[PDB]
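In case you want the letters, here they are:
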Amino acid sequence: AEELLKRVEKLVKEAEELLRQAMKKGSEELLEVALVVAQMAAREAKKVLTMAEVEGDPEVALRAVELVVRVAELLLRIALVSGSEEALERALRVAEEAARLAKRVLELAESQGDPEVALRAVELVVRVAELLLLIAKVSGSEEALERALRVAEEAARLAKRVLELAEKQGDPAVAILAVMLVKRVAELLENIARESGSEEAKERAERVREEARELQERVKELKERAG
Amino acid sequence: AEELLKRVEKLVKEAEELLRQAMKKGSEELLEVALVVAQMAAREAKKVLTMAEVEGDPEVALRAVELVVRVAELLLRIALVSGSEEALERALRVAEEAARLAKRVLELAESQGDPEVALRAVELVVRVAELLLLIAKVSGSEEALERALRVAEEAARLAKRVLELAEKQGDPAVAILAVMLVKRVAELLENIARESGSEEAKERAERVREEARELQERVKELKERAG
Amino acid sequence: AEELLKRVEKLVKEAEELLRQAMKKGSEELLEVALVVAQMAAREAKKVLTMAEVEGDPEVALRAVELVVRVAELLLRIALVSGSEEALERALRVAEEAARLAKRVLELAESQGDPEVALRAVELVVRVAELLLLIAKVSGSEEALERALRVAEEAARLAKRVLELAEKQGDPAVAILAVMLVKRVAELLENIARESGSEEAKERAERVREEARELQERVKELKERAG
Amino acid sequence: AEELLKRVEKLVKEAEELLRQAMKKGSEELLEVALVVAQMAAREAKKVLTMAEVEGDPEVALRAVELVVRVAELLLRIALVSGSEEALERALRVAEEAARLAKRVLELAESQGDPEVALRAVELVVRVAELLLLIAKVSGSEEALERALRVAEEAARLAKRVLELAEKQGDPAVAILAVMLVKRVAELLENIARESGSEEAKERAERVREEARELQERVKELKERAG
Amino acid sequence: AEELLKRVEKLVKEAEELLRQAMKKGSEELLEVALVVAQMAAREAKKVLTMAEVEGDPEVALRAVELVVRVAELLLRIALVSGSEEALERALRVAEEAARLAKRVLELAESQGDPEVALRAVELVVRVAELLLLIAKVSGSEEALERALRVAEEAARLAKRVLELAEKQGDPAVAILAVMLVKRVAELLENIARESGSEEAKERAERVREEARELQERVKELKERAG
Amino acid sequence: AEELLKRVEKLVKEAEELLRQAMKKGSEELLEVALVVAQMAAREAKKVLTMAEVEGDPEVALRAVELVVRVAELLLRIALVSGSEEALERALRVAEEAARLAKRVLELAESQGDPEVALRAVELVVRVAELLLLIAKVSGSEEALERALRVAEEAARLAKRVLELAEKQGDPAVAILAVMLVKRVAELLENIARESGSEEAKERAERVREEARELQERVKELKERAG
Amino acid sequence: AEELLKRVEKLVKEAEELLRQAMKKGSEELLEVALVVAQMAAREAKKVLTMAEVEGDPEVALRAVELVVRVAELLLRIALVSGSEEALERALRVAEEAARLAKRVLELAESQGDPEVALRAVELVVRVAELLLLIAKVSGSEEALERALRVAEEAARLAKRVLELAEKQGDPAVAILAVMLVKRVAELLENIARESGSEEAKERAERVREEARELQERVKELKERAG
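Chains as they are written, first to last, in the authors' numbering: chain E, 1 to 227; chain D, 1 to 227; chain G, 1 to 227; chain A, 1 to 227; chain C, 1 to 227; chain F, 1 to 227; chain B, 1 to 227.
For reference, chain E alone in the conformation it holds in the complex:
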């Protein structure tokens, strides 16, 4: 549904340009609009995922959910520039719901057998953990730290499906990178566990970083299978 795709995609450039009008001038009226424009983008964007999730058109969703994250990037800047604790909690819920929408996408492609669409989608989730991480360091709360914590470790589980998805096809392309994301996660699990000091995060962290060390073994053979 390219008609919806461009129109939603169009909203980004307007609001993202409205952002710069505010940086020059500092008018909340410009900013109120952004919380109207982008916050209705989620309405129409999520629909594009829906009708796309019907026909089995996976590439559309990857180019859509990625755009939802850009909203989170935008709504973040608003709350940073404005300081509204609501706007954090606006961008929070939007960002958190992106997790579901990502997980909504993953199990699609297995029915399609198209793994490559996953891996770029999975990495979107990872930035959200990085994204909330910036938010948690602002408020200092542990609520969001847990939200971050549950997202990524849940996101870590997802790669095992992906690694399982590749070994069906025997495709190394998605295979090796899938492992690397976990190392790209291990930076996070470290960094939150650096701060809060909860050994559970460290426990969670060690298991994850230890898992990729183990998971790479399943690809060490695949590097010898096809090449």
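It is worth saying that the hints were derived from the structure and are not from the lab.
Take the hints with a grain of salt, since some may be wrong.
[Claimed, not checked] In silico DMTMM-like cross-links for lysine to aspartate or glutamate, where the CA-CA straight-line distance does not exceed 25 Å:
| id | chain 1 | residue 1 | chain 2 | residue 2 |
| --- | --- | --- | --- | --- |
| 1 | A | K24 | B | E59 |
| 2 | F | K202 | B | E59 |
| 3 | C | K46 | C | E16 |
| 4 | C | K168 | G | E86 |
| 5 | A | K46 | F | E167 |
[Claimed, not checked] Chain D side only, calculated, beta carbon under 8 Å to chain C, not exhaustive:
| id | residue |
| --- | --- |
| 6 | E28 |
| 7 | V33 |
| 8 | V37 |
| 9 | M40 |
| 10 | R43 |
| 11 | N191 |
| 12 | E195 |
[What the hints assert, rightly or not] Residues of chain A placed beyond 12 Å of chain C at every Cβ, according to the derived structure:
| id | residue |
| --- | --- |
| 13 | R204 |
| 14 | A212 |
| 15 | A226 |
The beta carbon of each residue, even a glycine, is placed where N, CA and C say it ideally should be.
Using the hints, position chains D, G, A, C, F and B against chain E.
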């Protein structure tokens, strides 16, 4: 009709470059040309609006009438540099006719249901009020002040169609900005009423500035509808 | 008679391409040709309607009269680019005669019982009202405004046959849209009555816009009949 | 015979691309090839005209002889880049023979009664006069000027058949343009007669330019016949 | 043929940079190269005019012949810095041939109907008269003064075609400037006639300066036609 | 089998883009992937040659084997950036096997009689000699120099089939270029024989460069046959 | 590979700025870094030559090897400021290897037929002879004098390829300068032979300076060929 669009658009850059040749040298022969070049741009530009107004190609007109205003910006500088009271009255009529061409555009898109093309078009009118305002302060006349006065308050009425146009679609994008333009007008109605002292302008001014205060209420709900 | 169809259809692309040769260069010799090419298209196009009106081949006519309107779109641009008051009155008569040719088509299909061919044909008439509307705003005359006025309100009567035609078949497809066209007309009756201020147009306008409000009731049941 | 059409058409793009490899590098080996590739295109192209001239498939020839001219455009550039007086005389004979091939095409369509195929074919001849004109200004010779002179004035006679061909069908489409070509010729007859000063060319020139003035009269009625 | 355009354009910057290496150091070996580089630019530049003169690509030539003049500017500086009477007579012939190449360009666009490409091309010729004027004051000869004299008064005739070319299109853009060039010439015809004292130059001068006074009348109406 | 073609073609752009991610960052994990992605491209690419070699679809293979070489270009850069002597010997075997795949292609088209598909395929081999040449200068070994030596001189033999293939069809297109490739080889045979000093390479070199001198004679007539 | 180009280019400005921090302060820790930074630039720079030598992107290498020399300029200053005989022998080997990298570049462009890239590359070698010359006068050794001697006289041979490369294209641009470099060398062969007194250097010197006297003859005609 891109062929016409670029050719008219081309004339601007030539004459606007001829302007700078005159600023360096001060030759009226360079300037006589500008009153030939740009004054024929209105001939061909208005045609681009016409044939575009047929097919229902709205975005072309917005990119066209905007260029007509640039002529007014140019013809203004001529009369400022030259001092010809005619050239004021040249740029006056051209500028005043832009109002009709703008109003000619507005009711188009309602048949198309494409509101966003309006709002940038409406704002073109507003500069013309600012534009004549500079002219009225030059001549000191009240004729042009009335022309300015009738344009903007007529232009103020237009947003109510726009606000009405959005509430059909429920689009907040054009909605909120539409209100803000009236505040962007209220500066004008103030400033002319600062000078001439006619309480009618102040009356006109208060009603307008009081209207946006009221009109925003219709969007306060729309901010709660979709988000 | 596909042989005639393509040959007439072919003329459009030539002249419509000749149009663009003129926009680049501005040669009336290119334009004289257009008033020869397209103005003979009406000769041969109207014949295609005739011989098609014999056998009861309705779909041919819809694909033909639609092409006559394209001529009106073309001849319009000529008179806009050229400014010949004759060419207005050329495109006027051609356009006005399209009304008869449309009305000539409508009562055909009732003998055939094929309603869907009507509705797209009816909408062609509506653009002609929009088409003359552009012409009337050029000349400013009230003659053409009346021609516009008599066409559409006569065209408004036609839908009642269509609505009557559907209720025979009980087809909702043509049914609901038929109502919507009247609202698509009400924009027109408003807009001409905005300008000329004749309360008769407003009276005509109110009755029409009030009629669709009433006519939809006859479909509200049909929405409950079949679904 | 589309198989031949594309294969000959294919040769153009190769050699025309080989041309650009030479412009970057300046290798005569690239250029020797062009005098092999395109010079065999005339062999196979002329055949496509032949077998097409059998069945009475006129549109094929128009799309073929037009491609022969492109060779002349290419072979010209070679002789310009190279400077070989032979390559002029190569491109000369090829170009001159195109005249016959054009005249070979014209009398075909009268048997078919398909005039429109002529007019675009006739205009191909006219460029050849323009084409040789560039060559004559290079060598400065009067031989080619006469070749140019005899081609076009012979080509001028051809339109009278075309004008006669239309008046059978009463088609204005080919009719009016046919006149315009003579004016498009009159530029040539002027320009050669500007240079060489031979009053015969001027005499030839006046008669031609005076002829179109007279020939248009036969179409002035046709503009009143059908429209 | 952009490949040729940049490569020739590239040569300018090299040699024009080699010029500055010589100004710092004073090595004729640097300067011998310039008479090799630029003097082969005319070879390849003139070709770009040729192959461009084929297809009817006028804007290329204007951007090419302008570059030929830059060579004349460069070769001039060489002969000034060096003092070689040959290098004068080198730059002379190159410069004089530019006149033909300019006149070669002018009659092109009338076939294209693209006047604006002329006027900037015509002005290139005018600098050559100014260019030779500097040379004639160096040698003091009257040969070059006549060459200068015949160029410009021949160049003065050209504008009448241009003025005639515009009145076809009714374009004032090229129209008014065309007149001004003659006044831009009248400075020259004065200045050579100041020096040599030949009343013929003064006669030539008066007629020219009197001509523009008359020619402007044909544009005084055009300033009233379109505007 | 376009499905396979794009998918293999797709892998190139990914890995070739992964290459640039490594150049910015220097992660071997990015590079390990390239030796997985592209090294499986040879698996699926060679299959596309196979199933294409069945039906007699030659143009597919030319667009396929060309892509295999791009892998060699990529794998080369890896070993250069990384320095792994294995990766040389990886890219070596892949590159050497491309020779067979090229030779596998050549004798196909003779059964099809389609020579032009050969010549671009033959030139792919030639770059491989250039390709290994870069590798041999890295390791300094003479093994690869012999591999290079045997490839090209074997590749030189191939043109004789091609020259023989053309003389059947009498096509000069492939004919002349075929000779030129040998001169394009003679640079190589020189350059390796410049370095290693083995007179056998020089002997091999002289015979080859002397052969084209002789082989051109067979085309000198063909330049006189068709033209 | 612009990513590598800037990053290597970036290292220069850092280290070259670190150089100035040392000149102000005199810290070997600043200088140890330079022998780390620039000495790894050769690692990555030489790679840029490699991957560029693959695709046939010559202009990249000229802009790369030139930067290698700048390192030699920097490493020189270090050994001068520091006095480390190793750092001489560091900068020596780096500088000497630049000769190969230059010679590696030269034979590239002949396959490309792009001579101008050579001449600026050749001149880089010449500075290295000047560069080692400064080093030899420091140590007083004759080893480096021979290295200098073998480089330049080998570098002198290279121009004969270049002169041969131009005469293919007939380009005088690279042609004349190529001769001048030998005279730019003859200063060197003099100056080393001034000092060491070895008649072989003088013999080498005379032959070289006598060669350019002879080689210019081959260009004296080329100055008469094209101009």
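Hints, verified against the model:
no.: 1; hint: A:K24 / B:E59; verdict: holds (15 Å)
no.: 2; hint: F:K202 / B:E59; verdict: violated (31 Å)
no.: 3; hint: C:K46 / C:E16; verdict: holds (19 Å)
no.: 4; hint: C:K168 / G:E86; verdict: holds (23 Å)
no.: 5; hint: A:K46 / F:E167; verdict: holds (22 Å)
no.: 6; hint: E28; verdict: violated (11 Å)
no.: 7; hint: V33; verdict: holds (5 Å)
no.: 8; hint: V37; verdict: holds (6 Å)
no.: 9; hint: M40; verdict: holds (5 Å)
no.: 10; hint: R43; verdict: holds (6 Å)
no.: 11; hint: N191; verdict: violated (32 Å)
no.: 12; hint: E195; verdict: violated (33 Å)
no.: 13; hint: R204; verdict: holds (18 Å)
no.: 14; hint: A212; verdict: holds (16 Å)
no.: 15; hint: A226; verdict: holds (29 Å)
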